[PDB]
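This document starts with one chain, in the form deposited in one PDB entry, laid out as structure tokens.
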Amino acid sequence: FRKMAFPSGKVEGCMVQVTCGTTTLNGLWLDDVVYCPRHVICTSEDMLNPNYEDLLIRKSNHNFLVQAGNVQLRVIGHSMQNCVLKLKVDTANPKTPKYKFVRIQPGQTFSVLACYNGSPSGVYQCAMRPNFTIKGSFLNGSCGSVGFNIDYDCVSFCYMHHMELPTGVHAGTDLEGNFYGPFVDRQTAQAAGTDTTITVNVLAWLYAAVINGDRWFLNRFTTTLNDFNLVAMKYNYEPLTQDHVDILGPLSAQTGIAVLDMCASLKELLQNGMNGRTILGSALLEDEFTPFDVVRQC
């Protein structure tokens, strides 16, 4: 089992650069609109606590340099939506895929196309942590790179990159400019909530183990959702939601193991440890494979 990204070509065709003064970041060109982080308009001395409304009043369409490679796209309008700038340009992107903007939940995974100066550098799979950070790999100049899923040729954009916390994890917004978690776009040290283990993904991993014949950990007990959630919190595990139970449905049907029966199996693992026995060849439970990732790889 491995972390697999989606093929990135449909997103590569949409990356451009956006420059104000000497500040260049990545933007996303869809139809005739370019989306990018609003702090492209910030000077170094306004970053501590910028006045974005006041900074944007001073800007005009002709202050924005938008380039696809070396080709300039003329800007004919601009607006701000939360923490993203929307630049209307005079050309509709001929490589625009079928697409949606979506806001994901903690535990969901997505692919990140890491870009520098509008040019793709690499692709990898990330999971949104319960404290709304991602464990990414981003350098200076990566802001504006996006994360996405692809379903039947439709790209669902879910992440745009804005910042690196002092602990080395990353934070950003959806494509409507709303941050995931309690962060703000200022040059300031911010801290995330203490992280927790993604319970729904650990259960998906147990299902994958069963599918491959590794099932020693199954037991004859069951539990209520509420009883399991109260126990999980004592072990720094996320509580399960109704949506979590539902996305485990296909794996539950495939193995014949009820979701609440698998919860009682995980609950025994939590109170007693693994006893040096492994699951799928590991002493550690994996929590960054979603139920969809598991059926993707089968």
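Residue numbers count along the first chain shown, from 1. C-alpha atoms forming the largest set that superposes within 1.5 Å between two forms make up the rigid core. Compared with the form deposited in another entry:
Per-residue Cα shift between these two forms after core alignment stays below 2 Å for all of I41, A68, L30, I257 except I257.
As a two-part rigid-body motion between these two forms, the smaller part of the chain turns against the larger by 20°, taken from C-alpha fits.
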Given for the second form:
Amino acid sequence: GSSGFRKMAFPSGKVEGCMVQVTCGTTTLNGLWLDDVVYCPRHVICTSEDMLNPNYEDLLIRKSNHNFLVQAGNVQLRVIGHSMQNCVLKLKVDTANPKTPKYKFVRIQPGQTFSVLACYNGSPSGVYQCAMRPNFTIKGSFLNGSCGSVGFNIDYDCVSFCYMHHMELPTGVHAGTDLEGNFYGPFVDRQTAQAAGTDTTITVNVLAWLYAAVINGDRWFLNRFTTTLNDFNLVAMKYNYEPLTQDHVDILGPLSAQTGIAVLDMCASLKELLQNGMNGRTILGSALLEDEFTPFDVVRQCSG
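Given the form deposited in one PDB entry, corresponding form deposited in another entry:
The next block holds one chain only.
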């Protein structure tokens, strides 16, 4: 049929050119170097004696510039200023990053997707795509030493940084901040076991992925039941799916036009899947309903 379907990340080169390593004493993690400032998680100034409940502002006033070792590949960068914005440490260095891309800091909404460049000791190791969960965690793939890896989207030639990785929660999901240092979700940069709120499924993204499945020739789940938007949302909420808004229906328009399947008709298919299950069948090779592709992700991949 059409031309295949995969989780796809943005090319990571523009972000790779910004990754550095930041060390405080025995403590090492990753930083992001843009112009003459390096941004990283402030937890780097804590020690194991501090980590349970750090007083960051005490820790920082006791710091000197020379306490921070910033390395870009093989070159050591001189720190000539330091400050802290929320949970992000900013180190001013005496040289600009020549590879600084055009960029913006943005705070993303639950449901939106982004790419993550996982790094260790300042070196990029892998790229993958994630979503901000409705409970403001992310289901990433990160190991010890990934602290400071960033998430982003690319538009034309501009990198929108939206995430900086801080921690792994006990359930194995991940928590972090925007680039102003504000956590997504109710989390705190202390080494304490932290639970997230109950998660829900991102309905508009499931619908977008069902439209991808149709574009790829997988149509077994379609039906002719009718639904209104309100009645679809009542069933959705019953199954811990997020509400679908009229803005969602509008954003699904291009996918609906391309496949000739009305958005509310696709909702009636999803309603049936939620009530009856998949009967051990798959959709796009998946046994589960996938909710980490946005409408934009689908269109870009299947039309653009």
